[PDB]
Amino acid sequence: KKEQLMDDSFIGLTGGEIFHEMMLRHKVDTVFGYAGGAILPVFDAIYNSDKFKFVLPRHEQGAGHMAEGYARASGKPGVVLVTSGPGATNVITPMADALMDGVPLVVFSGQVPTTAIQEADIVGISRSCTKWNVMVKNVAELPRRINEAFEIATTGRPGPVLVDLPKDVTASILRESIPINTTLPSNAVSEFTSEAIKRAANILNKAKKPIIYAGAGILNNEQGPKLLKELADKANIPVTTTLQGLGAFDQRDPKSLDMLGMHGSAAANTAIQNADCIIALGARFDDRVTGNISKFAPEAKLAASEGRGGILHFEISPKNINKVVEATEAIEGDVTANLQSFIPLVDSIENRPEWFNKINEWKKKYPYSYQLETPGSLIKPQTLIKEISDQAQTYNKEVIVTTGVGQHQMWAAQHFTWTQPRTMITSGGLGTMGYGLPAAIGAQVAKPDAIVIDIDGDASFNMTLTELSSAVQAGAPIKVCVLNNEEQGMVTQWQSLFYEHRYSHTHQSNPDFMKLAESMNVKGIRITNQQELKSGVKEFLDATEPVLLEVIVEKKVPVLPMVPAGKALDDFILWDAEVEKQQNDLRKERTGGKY
Amino acid sequence: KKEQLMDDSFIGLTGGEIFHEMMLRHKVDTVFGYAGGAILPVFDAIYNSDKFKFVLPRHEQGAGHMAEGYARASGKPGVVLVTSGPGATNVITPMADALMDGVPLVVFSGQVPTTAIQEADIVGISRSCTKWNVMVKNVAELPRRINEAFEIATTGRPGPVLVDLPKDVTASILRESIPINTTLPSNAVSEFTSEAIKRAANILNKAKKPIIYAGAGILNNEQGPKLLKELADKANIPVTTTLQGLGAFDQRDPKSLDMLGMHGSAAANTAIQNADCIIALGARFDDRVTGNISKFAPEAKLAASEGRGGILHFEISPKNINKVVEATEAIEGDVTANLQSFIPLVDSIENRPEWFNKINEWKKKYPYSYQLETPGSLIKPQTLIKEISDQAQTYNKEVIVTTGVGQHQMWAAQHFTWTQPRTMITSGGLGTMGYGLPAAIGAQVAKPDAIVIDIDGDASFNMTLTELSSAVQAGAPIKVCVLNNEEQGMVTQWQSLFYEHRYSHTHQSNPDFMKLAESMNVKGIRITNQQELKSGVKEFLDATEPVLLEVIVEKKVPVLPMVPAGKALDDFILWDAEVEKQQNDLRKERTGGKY
Amino acid sequence: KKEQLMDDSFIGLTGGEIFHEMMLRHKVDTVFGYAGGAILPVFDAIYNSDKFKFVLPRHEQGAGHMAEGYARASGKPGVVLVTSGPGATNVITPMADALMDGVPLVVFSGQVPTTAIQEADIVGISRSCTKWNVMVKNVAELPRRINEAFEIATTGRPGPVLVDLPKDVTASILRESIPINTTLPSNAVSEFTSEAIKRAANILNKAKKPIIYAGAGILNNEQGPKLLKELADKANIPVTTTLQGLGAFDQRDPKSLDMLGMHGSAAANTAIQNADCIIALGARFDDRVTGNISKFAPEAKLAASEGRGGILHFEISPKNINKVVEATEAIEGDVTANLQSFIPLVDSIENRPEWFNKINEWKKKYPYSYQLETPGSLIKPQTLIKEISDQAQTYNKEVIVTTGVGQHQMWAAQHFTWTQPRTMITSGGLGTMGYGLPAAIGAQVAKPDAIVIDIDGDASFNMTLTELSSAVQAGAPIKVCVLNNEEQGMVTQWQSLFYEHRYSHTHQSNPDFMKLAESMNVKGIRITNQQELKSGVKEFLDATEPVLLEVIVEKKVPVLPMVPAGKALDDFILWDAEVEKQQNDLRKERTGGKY
Ligand SMILES: Cc1cc2nc3c(=O)[nH]c(=O)nc-3n(C[C@H](O)[C@H](O)[C@H](O)COP(=O)(O)OP(=O)(O)OC[C@H]3O[C@@H](n4cnc5c(N)ncnc54)[C@H](O)[C@@H]3O)c2cc1C
Ligand SMILES: Cc1cc2nc3c(=O)[nH]c(=O)nc-3n(C[C@H](O)[C@H](O)[C@H](O)COP(=O)(O)OP(=O)(O)OC[C@H]3O[C@@H](n4cnc5c(N)ncnc54)[C@H](O)[C@@H]3O)c2cc1C
Ligand SMILES: Cc1cc2nc3c(=O)[nH]c(=O)nc-3n(C[C@H](O)[C@H](O)[C@H](O)COP(=O)(O)OP(=O)(O)OC[C@H]3O[C@@H](n4cnc5c(N)ncnc54)[C@H](O)[C@@H]3O)c2cc1C
Ligand SMILES: Cc1ncc(C[n+]2csc(CCOP(=O)(O)OP(=O)(O)O)c2C)c(N)n1
Ligand SMILES: Cc1ncc(C[n+]2csc(CCOP(=O)(O)OP(=O)(O)O)c2C)c(N)n1
Ligand SMILES: Cc1ncc(C[n+]2csc(CCOP(=O)(O)OP(=O)(O)O)c2C)c(N)n1
Ligand SMILES: [K+]
Ligand SMILES: [K+]
Ligand SMILES: [K+]
Ligand SMILES: [Mg+2]
Ligand SMILES: [Mg+2]
Ligand SMILES: [Mg+2]
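In order, the protein sequences belong to chains A, A' and A''. A prime marks a further copy of an entry chain.
Counting with the entry's author numbering, you get residues 76 to 192, 198 to 267, 276 to 683 for the letters of the first sequence.
Counting with the entry's author numbering, you get residues 76 to 192, 198 to 267, 276 to 683 for the letters of the second sequence.
Counting with the entry's author numbering, you get residues 76 to 192, 198 to 267, 276 to 683 for the letters of the third sequence.
The set of hints was computed from the structure by calculation and includes no laboratory data.
The reader is advised that the hints may include incorrect statements.
It does not matter which identical chain is meant; a pair holds if it fits inside one copy or across any two.
[Claimed, not checked] Keeping only pairs whose Cα atoms sit at most 25 Å apart, straight-line, the calculated DSS-like set for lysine-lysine is:
(1) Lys-411 with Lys-217
(2) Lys-389 with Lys-296
(3) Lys-102 with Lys-77
(4) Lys-407 with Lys-217
(5) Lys-286 with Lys-383
(6) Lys-128 with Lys-682
(7) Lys-643 with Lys-669
(8) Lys-76 with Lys-102
(9) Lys-383 with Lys-407
(10) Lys-286 with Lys-655
(11) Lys-383 with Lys-655
(12) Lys-682 with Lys-126
(13) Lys-294 with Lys-389
(14) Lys-468 with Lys-626
(15) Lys-452 with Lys-296
Just chain A, same shape as in the assembly:
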């Protein structure tokens, strides 16, 4: 019987051949990587493999971000395959990115032989960037480490893992017989949680001003958005989402409060500050969401002390519970599965007249107002976003949006109308510039029949623009739109606000994006005035090839609403036409009329 527990079907294969086989057993159809010395045995095994698609970037950071985009768009883990030394260190930022945003990234880096330990302590470096890392020391434990890597990466709160593959290990041939449970990937509710759910249902049934605060967690299950709506409809609760949760709830729905937070809807911020019961569904209360944490959720905290409300937190990661604010009730585990047990204990309520009246008043009082175009003025960036949003919806394909980091990121978050889950792929936790373009490529590979749009800033785009050639070589018809304000808008907004318009080294020079696109063998479109906006965007979206659209937008335009650091979530700056006018004069006189 001790022969039925051990498998011998891998005897004779090399490390790389076993790697290839384990990828197949984990249903891996895509690999993003860059060749090198230490990782050659693994590359020589995936050589002309018809079993999965390989995507070659120009830079390993590109590979990492592509795999992130793939992972967020498909729900599968994104596999990266880099070499030793610089190949491995170039994936640190994508790994740190994946960690902050809960992205299932599995990174295999080549390594110098075990007899030598382009050398770097990649395990030591990436320890603060990964859920878990390891070095495979011999070929026999390779399938075991691969299995562990994928599972750790995809369970609990998803995140990056690094598996170090020494050249001699992947080059060696397996001769032993390995345990059969290591050749195969895998493959109840505690009474503490079950009673916590019902105790939480009782608190919701007492609430007269409830609100749902939903995030990325509800997207890690395909039934998530379905049950989120079912709960919102049964108990009649308004729904707000984080930046990472955009698309979890149909924003066209009347109960939608849009995005909350630092640059979220002022109606959403006001609602959560006055709510007596907050239902957190897969969100970790980031400081860019809560604002001043002490002053956050006053009515919810007050209701908790009086046993008539509080904060109901549905988390899968214990480290995220009671970290920022005290959870009145903490329902641990997958939010979607727990919602199946939570909803049927919730009282079906039909009308909340007084509460929804305050909300609709707030929604009317707090739109995403901004200064509209004037005759002869540049295209306002907010208008560009709305234009792209409205035209993209009129296609019978699903639309996936990736962004860079800066003002364009927030405007995209604000003025797009989000309706489908996993359609907002953006670097929110770490906030990595140059994320947009490669993330779009990876998304396009995951979803070939989708329209993938990269709403990017010029500065962000300049960081990784070399990956345009990667998009062509991969056959990914991504649609890149660069909001060219010829500035690092986000930083200059801070300098215009807290540093008396002293723009210190925040204006990089941009290349000719049209000649750049031409050199990358990519379609180029440049919109310069208002009259070309509509016809320009249409040509942009109608393209069947990769296309780079450059739009000249207004400079020195603040993103509003804005909750300043230290201020309460409902203590926000609103857009005012007179104020913006006055800021434009103050900027002109201080800078000498140069900005």
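Using the hints provided, position chains A' and A'' with the ligands relative to the given structure of chain A.
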């Protein structure tokens, strides 16, 4: 002028000679250490030094705990001097102990020469046990590292530091001229804190049911207990303290609520649970104090949501603020100095009739009740503590108490009457058995004219009893009282409670303590019955030599009150005579009449 | 078939019950531990377990050292079971000890619940002290971690491992079905190594002055000493061993060169310095063995450059190959197994006249000479060792010797006649004082029918003398002999040599060992003069109970031969009667006649 900034007075001295000189400049009068190879150059320099007293233990752990006792009794940092390898690793527990209890410990460990790095990564190991560690790489930077070590150890929240001294560095001779600021030890309130104080004073002036929660922090300043009383008298506020804060407030005072927490006064626990304003003075809200954290301070949290009270936290370490419970107002910095700015903004209140009425009712309802002796029964451990407390007070010397860890520790904390600061020296954070005896020696060295009493358990005593000979060789007339219940009472209390009286390996065999004392050249006293209690304790306290008193006390006696894990702070077990009787039968029938 | 790969026989059991079951499956018959809060669920499971013997120390360091002694005496891994906090930190020194000496130690420490992470980063601290540590996060992965712990601890170069067991994990009940390969412990030669062996055999067959340098590695296989002798007899090669390899080769054999190194035989040191081929069998070339590394093995290095000899290194740990000296040929893997492939390729040589002539001349010229007793003088420590060695051999039981650290350790190593493997249990790598007594207890438990003798120093004994009561409670009739020279001889030897007889704090006061033994309920014997030596030792060895023998030995006696630090291995200090006389006068005049 570049010659006035550099000192040359250390040129010609060895590392050890410089070490000796820097000790003098830091006003170090005592060093606890054990010799070894790597540390010989430092020992050969302190050879027959008349400038400070050296204390030699039998074990390095002994040295560490002695230095802790010295540090807690005197307020000076405790200097340890061990060798490399096992000498260094044996100080890990005292270092971890010092960290949890905020004890200024400066540990110098010898090390193999720089040309070799009994070898151990003592810096790597002790990183999680120290505020800061370092390895001196050359003799010229030795005075600089020594200065840094002492300052880091004694500022902010005090704690242990380790300085690694390679043998070649301490053996080498300084030839360079070192910066004169490194040969000398060293040597405003932010507007954010100043306004936070006044905002905190406004909250206190609104309170009708206030309470002071004082801890070890108020003892790190000689004006602490003075200002603690001044605040308690002006605003008329009851005072409770932690285990580590015992002696900060005169317990004979009517406003004293005694100790709070897991085994604290049930009146103190009830008071804090109903208080609308909690003033935390140098306490970090340990889980053994708060009980169930969610259910902690309900009336204080409720008052905060209504802007009529809350928690006023005076912390010096930012890492301890908003870690456990949300501070309504956080006054950072030294609590004593901040009290000088806080008190004069507090309204002088004379009478709190309704509040103090509830308190005095609670104090009367919740004494430290326990089963008294019966004819022919063993001495109850609570009686032994009271007897020692009452007799020691009748001496014209100050009394310092150290303890081990277990039931005797809590009984000592409960039934002693605490009146003076730095008179309760006990391992509270880490809870190290065998702490008592060596800590007492170190305290006796710091305070030669003091009566130092070690209330120890038999199990705890058995851990480090070899240090008795160290006490004699040091000339420390410590008074050790062993509560011999022939069991690990604390663990057996848990087994009697949560494991159906299944006493699994919790009864170690004790040696003849009288023959043990005789072998250590120490006076031995053994009390066996009630009639010998009074005359026994008197002989114990009247001794002018080191003395070991063994008292046979009742076995299987629970420590009450007790707040069980998970339960609220006011949800405690009280002592009941009928319940204890019934537990004694249930124990006899289950164990078969063996316990 | 997916049901045949998963086991359900652990469903319903608690963590502790599963722990108990896994211990049985790993053939664990002994556990050394100390109770505590966090580890109670594991203790409540081993409660009255008839399946293995529990040994309770007085201190956790005791437990660690006992488990080391058990592990070295039996060849089984030594299992330690401590609690959280101070219980865990007290095992750091035994763990560091086990690492340096290659001792299979498996340490299970209790831990605060997963919902809380007496708290300490025991995993972080012990990372530099263990081959591998881990924290079990849920009960389902507990058997998997236990299996991994034992295997890592016992394969390659054996060493310590720490498994952190959170209280809630060991208290929780398994409900899932775990992979069947995790419920069961487990359960070819590379062409690179195989050809390296034959290349090594060719080098030996060319040698005219070969030598075998054998160490602890040859003891990690029961066929080791057998094949070591077979190789030494076939090719006719003299054999020297390290301190840790004593007993691997019968010292009564003519080919025995005794121990080499800092305090080894001057004949052994001379032989290795002139040998043209050095066969290293399971030794790591410690600096206390090689002396000055550059000047080490001149004739071997010269022979290597001329292709007629060199160093043949049989290592199992790659990290130990080419670390100290360059291996001419490196045969990786278990030395015993590789010897089975190496020996039959070695030419059977019968006589080495010229080589063995030089050796026998060296052996005659370099005995362990020392100053013999004179009328009325104290017993010389060397004589005491020989006396114990000669009398113990006349028993029909096997003799196991443990020691402390210091002069007594080296004298024991020198003057005992070693004949059987695993009979020298001593702290060599880390050199931990207080190792002797608890290591002897653990050895006595492993080998109940053996005479276990602890040759201990007074200072070393004073460190852990409380464990005497542990020996009685365990029923371990250990035989402890304290060489009472009333000094830390080893350190004072260094001070007498390099510091002009300045004995800085190297004389601790000893207790009455006879009254100490009496208090511990242990038989006491005290030898004071030469005439009581023979009859004293006989009573000591004839005892059937635990016995503490105190022998008053000569003070300020150097251990010779001695290779000073920095000097070559054959540049040693020899014993000279005139020199010792002169040193005794120089000591008397400098110290003032006090030493
Ligand atoms: C310039 C800039 C401005 C920004 N401003 C805003 C803003 O105004 N508003 C805003 O919302 N964000 C803003 N952010 C982004 C913000 O920093 C965070 O990235 C984002 O708010 C986090 O969203 P999230 O908590 O929903 O997702 P995550 O950060 O990924 O957290 C999801 C949580 O759900 C848990 N979880 C995961 N899976 C499950 C599961 N299956 N079941 C249950 N729980 C699960 C996870 O453990 C995690 O704690 C900004 C970022 C940048 C760069
Ligand atoms: C078996 C056992 C049972 C126990 N049960 C109890 C119990 O029932 N009740 C109880 O109280 N304890 C109990 N403890 C002890 C408990 O675990 C802690 O050790 C203790 O409660 C902490 O007291 P503390 O916060 O006042 O001191 P500390 O732990 O030393 O914390 C002092 C705080 O004040 C801050 N501080 C330091 N210096 C200054 C300064 N100059 N100015 C301002 N702030 C400063 C520090 O940063 C720190 O945060 C028990 C321990 C054991 C072993
Ligand atoms: C005061 C003092 C003085 C000392 N003086 C001396 C002295 O004079 N002479 C002396 O010899 N020692 C002396 N030492 C001890 C010395 O420091 C080392 O402890 C000892 O020399 C190491 O012996 P070892 O290499 O044989 O064993 P180890 O240190 O345990 O090394 C064994 C080596 O064999 C390898 N190995 C293990 N298992 C196997 C296997 N199955 N197959 C193949 N390889 C394996 C291991 O990886 C390891 O590298 C002294 C110690 C002290 C405290
Ligand atoms: C790698 C990196 N560098 C710097 C930053 C800081 N940063 C955040 S937004 C921003 C400006 C981005 O400018 P742009 O891409 O053009 O976006 P815009 O604000 O103009 O729309 C910068 C520099 C960052 N988030 N990441
Ligand atoms: C080094 C160490 N080991 C174990 C523990 C767990 N522990 C806490 S109290 C206690 C029993 C102490 O018995 P004793 O010293 O006799 O005190 P008693 O309860 O009998 O008064 C133990 C084992 C600890 N705190 N420290
Ligand atoms: C824990 C520890 N502290 C210090 C040392 C340094 N040291 C090595 S040998 C020795 C003296 C031991 O004296 P003793 O036990 O009496 O042995 P002796 O030399 O007298 O035979 C010391 C202090 C050590 N090895 N371990
Ligand atoms: K929107
Ligand atoms: K009291
Ligand atoms: K010998
Ligand atoms: Mg820009
Ligand atoms: Mg006891
Ligand atoms: Mg000695």
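Identical-chain pair category, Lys-407 with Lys-217, by Cα at 25 Å: between (31 Å within a copy, 13 Å between copies)
Please sort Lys-468 with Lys-626 into within, between, both or neither, judging by C-alpha distance up to 25 Å. within (18 Å within a copy, 48 Å between copies)
Which holds for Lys-452 with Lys-296 at a C-alpha limit of 25 Å: within a copy, between copies, both or neither? For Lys-452 and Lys-296, the Cα distance is within 25 Å only inside one copy (21 Å; across copies 44 Å).
Measure nothing new, just compare the shortest in-copy and cross-copy C-alpha distances for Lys-76 and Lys-102 to 25 Å and report within, between, both or neither. between (30 Å within a copy, 21 Å between copies)
Same-copy or cross-copy closeness of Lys-102 to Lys-77 [CA-CA at most 25 Å]: Answer is between: at 19 Å across copies they meet the 25 Å cutoff, but 29 Å inside does not.
Tell me, please, which holds for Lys-643 and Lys-669 at an alpha-carbon limit of 25 Å: within, between, both or neither? within (13 Å within a copy, 61 Å between copies)
From the Cα coordinates, with 25 Å as the cut-off, is the pair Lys-286 and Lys-655 best called within, between, both, or neither? between (35 Å within a copy, 20 Å between copies)
Given identical chains, is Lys-383 near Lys-655, meaning Cα to Cα at most 25 Å, within a copy, between copies, both, or neither? The answer is within: 8 Å in one copy meets 25 Å, while 29 Å across copies does not.
State whether the alpha carbon distance between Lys-383 and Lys-407 is at most 25 Å within one copy, between copies, both, or neither. both (23 Å within a copy, 20 Å between copies)
Homomeric proximity label, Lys-286 with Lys-383: Cα distance no greater than 25 Å: So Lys-286 and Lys-383 pass the 25 Å test across copies only (19 Å; inside, 29 Å).
Identical-chain pair category, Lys-411 with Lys-217, by Cα at 25 Å: Classified as between; 20 Å across copies, 37 Å inside a copy.
At most 25 Å between C-alpha atoms: does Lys-682 with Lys-126 qualify within a copy, between copies, both, or neither? Between. Shortest inter-copy distance 23 Å satisfies the 25 Å Cα cut-off; intra-copy 57 Å does not.
The structure shown violates none of the earlier numbered hints.
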